[PDB]
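Single chain ahead, written as structure tokens, the form deposited in one PDB entry.
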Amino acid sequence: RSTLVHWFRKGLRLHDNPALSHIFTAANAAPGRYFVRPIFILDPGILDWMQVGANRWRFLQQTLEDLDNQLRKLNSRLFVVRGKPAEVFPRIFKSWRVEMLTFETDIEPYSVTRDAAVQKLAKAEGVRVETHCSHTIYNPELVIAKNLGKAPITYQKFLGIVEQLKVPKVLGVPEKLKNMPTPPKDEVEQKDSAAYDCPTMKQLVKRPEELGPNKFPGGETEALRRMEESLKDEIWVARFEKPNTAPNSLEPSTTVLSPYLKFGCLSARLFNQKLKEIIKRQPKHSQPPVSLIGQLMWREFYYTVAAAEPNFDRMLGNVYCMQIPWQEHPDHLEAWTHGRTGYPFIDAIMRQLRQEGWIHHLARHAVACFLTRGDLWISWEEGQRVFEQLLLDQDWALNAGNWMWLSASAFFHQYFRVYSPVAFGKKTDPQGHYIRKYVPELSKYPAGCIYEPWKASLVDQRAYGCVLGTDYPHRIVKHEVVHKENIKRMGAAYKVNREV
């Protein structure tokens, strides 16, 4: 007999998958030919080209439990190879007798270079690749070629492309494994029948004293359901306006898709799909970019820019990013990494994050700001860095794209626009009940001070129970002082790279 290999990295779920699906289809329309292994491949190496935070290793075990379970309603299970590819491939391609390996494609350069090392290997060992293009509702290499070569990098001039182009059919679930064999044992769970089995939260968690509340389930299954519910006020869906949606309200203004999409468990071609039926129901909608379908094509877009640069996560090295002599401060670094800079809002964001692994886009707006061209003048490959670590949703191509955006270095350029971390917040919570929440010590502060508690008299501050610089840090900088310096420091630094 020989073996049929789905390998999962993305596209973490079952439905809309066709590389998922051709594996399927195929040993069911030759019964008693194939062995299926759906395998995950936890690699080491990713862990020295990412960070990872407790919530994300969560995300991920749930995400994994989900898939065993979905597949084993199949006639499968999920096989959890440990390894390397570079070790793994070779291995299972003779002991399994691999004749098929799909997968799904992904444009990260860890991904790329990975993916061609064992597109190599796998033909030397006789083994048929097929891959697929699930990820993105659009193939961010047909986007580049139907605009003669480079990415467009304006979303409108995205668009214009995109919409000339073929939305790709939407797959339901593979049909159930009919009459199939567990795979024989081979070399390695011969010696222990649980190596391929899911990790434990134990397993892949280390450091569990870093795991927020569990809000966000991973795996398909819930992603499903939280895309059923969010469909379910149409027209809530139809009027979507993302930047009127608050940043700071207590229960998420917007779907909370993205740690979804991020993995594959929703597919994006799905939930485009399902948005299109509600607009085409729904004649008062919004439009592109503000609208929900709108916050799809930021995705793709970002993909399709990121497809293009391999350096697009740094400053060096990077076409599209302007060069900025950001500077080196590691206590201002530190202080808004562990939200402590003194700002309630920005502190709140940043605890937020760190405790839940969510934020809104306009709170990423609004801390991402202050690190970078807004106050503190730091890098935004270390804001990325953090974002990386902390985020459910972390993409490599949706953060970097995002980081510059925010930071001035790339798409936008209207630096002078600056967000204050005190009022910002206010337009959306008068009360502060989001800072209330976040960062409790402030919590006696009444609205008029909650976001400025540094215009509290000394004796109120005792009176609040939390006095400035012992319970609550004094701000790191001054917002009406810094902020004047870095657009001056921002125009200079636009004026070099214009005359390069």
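Only the largest set of C-alpha atoms that superpose within 1.5 Å between the two forms is called the rigid core. Residue numbers count along the first chain shown, from 1. First, how it differs from the form deposited in another entry.
- Only one of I46, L468, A463, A29 has its Cα shifted by 2 Å or more between the two forms after fitting on the core, and that residue is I46.
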Given for the second form:
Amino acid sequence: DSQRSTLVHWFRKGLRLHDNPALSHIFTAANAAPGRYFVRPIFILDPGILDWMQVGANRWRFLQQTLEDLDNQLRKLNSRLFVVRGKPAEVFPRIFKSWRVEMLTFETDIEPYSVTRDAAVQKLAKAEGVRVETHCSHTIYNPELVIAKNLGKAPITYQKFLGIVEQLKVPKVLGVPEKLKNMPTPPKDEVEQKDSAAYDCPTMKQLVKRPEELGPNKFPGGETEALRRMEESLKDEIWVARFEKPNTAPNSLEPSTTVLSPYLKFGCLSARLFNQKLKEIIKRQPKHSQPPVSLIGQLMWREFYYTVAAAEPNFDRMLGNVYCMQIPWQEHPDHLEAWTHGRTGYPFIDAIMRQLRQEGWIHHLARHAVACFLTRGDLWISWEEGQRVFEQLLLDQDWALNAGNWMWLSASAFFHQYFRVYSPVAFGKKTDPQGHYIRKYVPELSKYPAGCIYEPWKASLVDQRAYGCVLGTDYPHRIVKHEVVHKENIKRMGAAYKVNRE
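Output the form deposited in another entry next; the form deposited in one PDB entry has already been displayed.
One chain, no partners, no other molecules: that is all that follows.
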């Protein structure tokens, strides 16, 4: 009857209860002063973007599942999730007054949109007397401290980055907040009085406006599934200890790596928790792998890309990007849409592009293959176009990680040995000589013998008819001949590399 002010936590990333310092500070404070505070954990959902085509339906569904899981977990603590519809610029001045907000917390984000939006709300909060407290728990280290320790610039090599963060101190990992005590549900504000369900978690139908893009629900969203999935990947301590990234297959029928990337992108899983549990396993396993190929090395790859991205607001762009080589990519809408829909005539990369569309995840080396094909390998199209397609279809779509890896693959930054080119025919044969992966995702070739399913043009016309799929009618011809265009493109990279040094 005497709760006079509301404490608010604001989810954007960090969609978990565990290891969430911003959220547990609100819960601790509320329990330390029983009867003074109402608590409101909020997510702000702008309905204007549900139609944006850069967010595929698979990612929308992941988000719906994550928010439901989050609301369920918060109910066990005598709270709940409040999903507020609106744009933050209009929501915060209302609830600041209406809920009499005393404190606001959230996890920090380095993406340029977030940085400016957060600065706006900080300004408004200072004016309105609201104390703001932010925490850096999306990453293991704080990119500003690593850039500081490096005398003001981001390290541009992996090994150098490791040298700095070795000097850094590792944050302590928190558990879950404790059940709220002596706290009734908050009284209804002006909009809850008009509709008691106005802040309820949205249904699938409300979030997924194009249900026809949905594929099979292989990777459910949310913290509960995140933690369950981590535990099973660590149950086999020897597999964890001897993990070597380049030796995992891109084209096995079940994933050869952890597929924790979607959960780390949304914050359903704490990277700091994952890192600590991995440290404990390395400790008691005397022969283990080392960075960069080890599992801890993979998390360090995430950390590296986040800190260089923090220093450059054009990280997702060629021009204005201080890291990125200026390379004269060409435009070809026909080649681009063929790549985009997995109709290039190279069965291996077509199968990758179709797994991506249907399922929303593909293995790291599968990404290397289709990215190299689109850019410096064959089509000579800008990595920005590949970033665009990946952004639509990837569950783990991440601003820094997508752009950084595309600049790497296209030899625009961080990696410069452009003479190495992946072969669209040969690369996958090493790990799937029978072509099971191709048969699953390119089912029109599923009756081809293994001796030509990677290169169906080697089959005669009589054989093609026997296999049930003739090139040019049931499956396209190669849109380019790899063995000639890749030689040309190696020359153009040398030309562009001269112009940049000069």
